[PDB]
Amino acid sequence: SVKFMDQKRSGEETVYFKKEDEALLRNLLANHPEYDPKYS
Amino acid sequence: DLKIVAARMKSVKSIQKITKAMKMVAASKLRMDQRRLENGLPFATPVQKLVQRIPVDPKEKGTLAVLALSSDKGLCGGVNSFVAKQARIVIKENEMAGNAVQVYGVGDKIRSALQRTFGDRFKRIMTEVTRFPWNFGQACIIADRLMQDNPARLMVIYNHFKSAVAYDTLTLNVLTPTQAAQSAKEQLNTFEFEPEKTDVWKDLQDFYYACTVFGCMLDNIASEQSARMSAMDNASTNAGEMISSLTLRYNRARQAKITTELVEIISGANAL
Amino acid sequence: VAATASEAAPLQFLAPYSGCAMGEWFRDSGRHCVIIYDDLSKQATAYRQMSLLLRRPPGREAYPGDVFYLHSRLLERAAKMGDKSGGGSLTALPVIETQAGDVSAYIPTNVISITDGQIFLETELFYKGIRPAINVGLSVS
Amino acid sequence: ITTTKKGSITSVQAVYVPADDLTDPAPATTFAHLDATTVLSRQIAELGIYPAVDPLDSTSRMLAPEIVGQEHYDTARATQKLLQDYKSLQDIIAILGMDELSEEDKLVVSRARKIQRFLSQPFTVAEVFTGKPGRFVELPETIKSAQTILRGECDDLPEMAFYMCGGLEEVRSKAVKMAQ
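These protein sequence lines are chains A, B, C and D, in that order.
Going by full-length UniProt numbering, the first residue of the first sequence is number 57, and it counts up by one from there.
Going by full-length UniProt numbering, the first residue of the second sequence is number 42, and it counts up by one from there.
Going by full-length UniProt numbering, the first residue of the third sequence is number 284, and it counts up by one from there.
Going by full-length UniProt numbering, the first residue of the fourth sequence is number 375, and it counts up by one from there.
Don't read these hints as lab results, they were simulated from the structure.
Any given hint could be a false lead.
[Unchecked claim] With a straight-line Cα cutoff of 27 Å, these simulated DSS-like cross-link-like pairs (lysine-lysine) come out:
{"no.": "1", "chain 1": "D", "residue 1": "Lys480", "chain 2": "D", "residue 2": "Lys551"}
{"no.": "2", "chain 1": "B", "residue 1": "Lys164", "chain 2": "B", "residue 2": "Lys126"}
{"no.": "3", "chain 1": "A", "residue 1": "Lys59", "chain 2": "B", "residue 2": "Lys44"}
{"no.": "4", "chain 1": "D", "residue 1": "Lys551", "chain 2": "A", "residue 2": "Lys59"}
{"no.": "5", "chain 1": "D", "residue 1": "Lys461", "chain 2": "B", "residue 2": "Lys44"}
This is chain A alone, in the form it adopts within the complex:
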């Protein structure tokens, strides 16, 4: 119950925020071109 809940929580959070990080990495360089090395 303890290790069960802890590992379930860790996996769920990991998956959710991995998806979100994939989307943010897709949409980053457009909205912040000052960091984009294409324009440097």
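On the provided structure of chain A, position chains B, C and D as indicated by the hints.
Only chains B, C and D this time, still in chain A's reference frame:
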């Protein structure tokens, strides 16, 4: 030991608390879902009855398409279990005669239930439908997807919401254009169609598909919420029982620790 | 045979043995007698008292190791003598009080390892209304 | 107690465990001297299973494939894996329920309950307080039955058909009689 039992008690107490909270939340959601049903069922019943006047035989041979409605969240009791059971029954009954079966689904639970056994028959699956409130626009998309893949016979599996503590699984043999062209529609001759029947039938049929999906999904949602409340009740009760047992064990271990430490001190004091 | 709470601990430690000695007369004579002990655990507590006051080393739940020998001395006298030893008998219905139905404790398990049976009683069945509250899946013979 | 070049002593020792505590010094010390082990449990006896052997705490040194065959070894290890996978779900079944589980886990639970009930034998000496006659069971029949239960050739049968039946022919006959 002690740390083990204490940690377990803490976890189970948290589980019980969250379970009661989710119970109240599900009760509120069930109120709103009953309201949605009471407002949105009259929109669907009339055309369904009008086309159900045309009797559909479920023994017809042809490419069957099974639309199984389900949920995306867990802790819904066992409604999706019964849905998938009925779907397996239907597939195993209709695949013997030789009817090539296709499977459409709504929700990830039916997908997880039937992936290993009937995953070589899926055609199109939708999910994340219960995030926002159910609406006719959500149903029209699924109806259009069904019509673009026009099969010879369609079945719809869902859960009827009888009362807050009672549901019922059903299967709707749904009419299709192939089954409509094979009938002269003599049963509708009593009805005066303002446009001619041949011109209005395809639109009445699309409306029928949409209304069917709409009503079926509303009933399934209500049944889901009722089962969720029941499951939260049972889980909180079981958590209380486990808490009682763990409390007994904790007190036993506490007494043992005290006695052991004290005996150690005394034996070290008398060996001088 | 009364050895109550106001009485000293040696008398509680004895009284079971005195009752068994009174029953041995019927057993040897060929007469049949039954002895009931209320509760044996109290006797174990008295023995624990006398032992700790003699500076002896405690053990599990502070009970010494000579508790099993105590109860077994007491209970092995209950016997069905043979055709040549008169033919008498001596039953024994010892009684034990648990705490929250725990029979995985030390004294209950010490006595279950000595007896030829078990009659269990529950608080659920006694609070519901079922009286005598004799469970049947746990009770054996 | 030891086999030597002169003769041999096989020994079968019953070791009490006070207060159901296996961490007590006496059984803890005794574990180191044994070549084979059989740990009985009260949790399993309350389910009516007899002999109440816990097959996970039980172990042995004569299970390797260099002594027994690889079919025996593989069947035993598959059974142990199954029972451990069932043990790992006890908490989530007690709190939430079987409905939360997937289909693989449900199949696992079914086969684990079946193989638990199948590892239950009515002895001859128990006839005095059980009534049912004794059932001697050879080893190859046990292995075939375990193989069949693990493969999935006995999922159609009920769960209470494996209780005190010995081999599988008795299980199928009892399932037939229970169909009525």
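Outcome of the hint check:
1. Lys480/D <-> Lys551/D: Holds, at about 26 Å.
2. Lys164/B <-> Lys126/B: holds (19 Å)
3. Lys59/A <-> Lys44/B: holds (14 Å)
4. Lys551/D <-> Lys59/A: Not OK: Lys551/D and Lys59/A at ~45 Å, beyond 27 Å, violated.
5. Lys461/D <-> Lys44/B: holds (21 Å)
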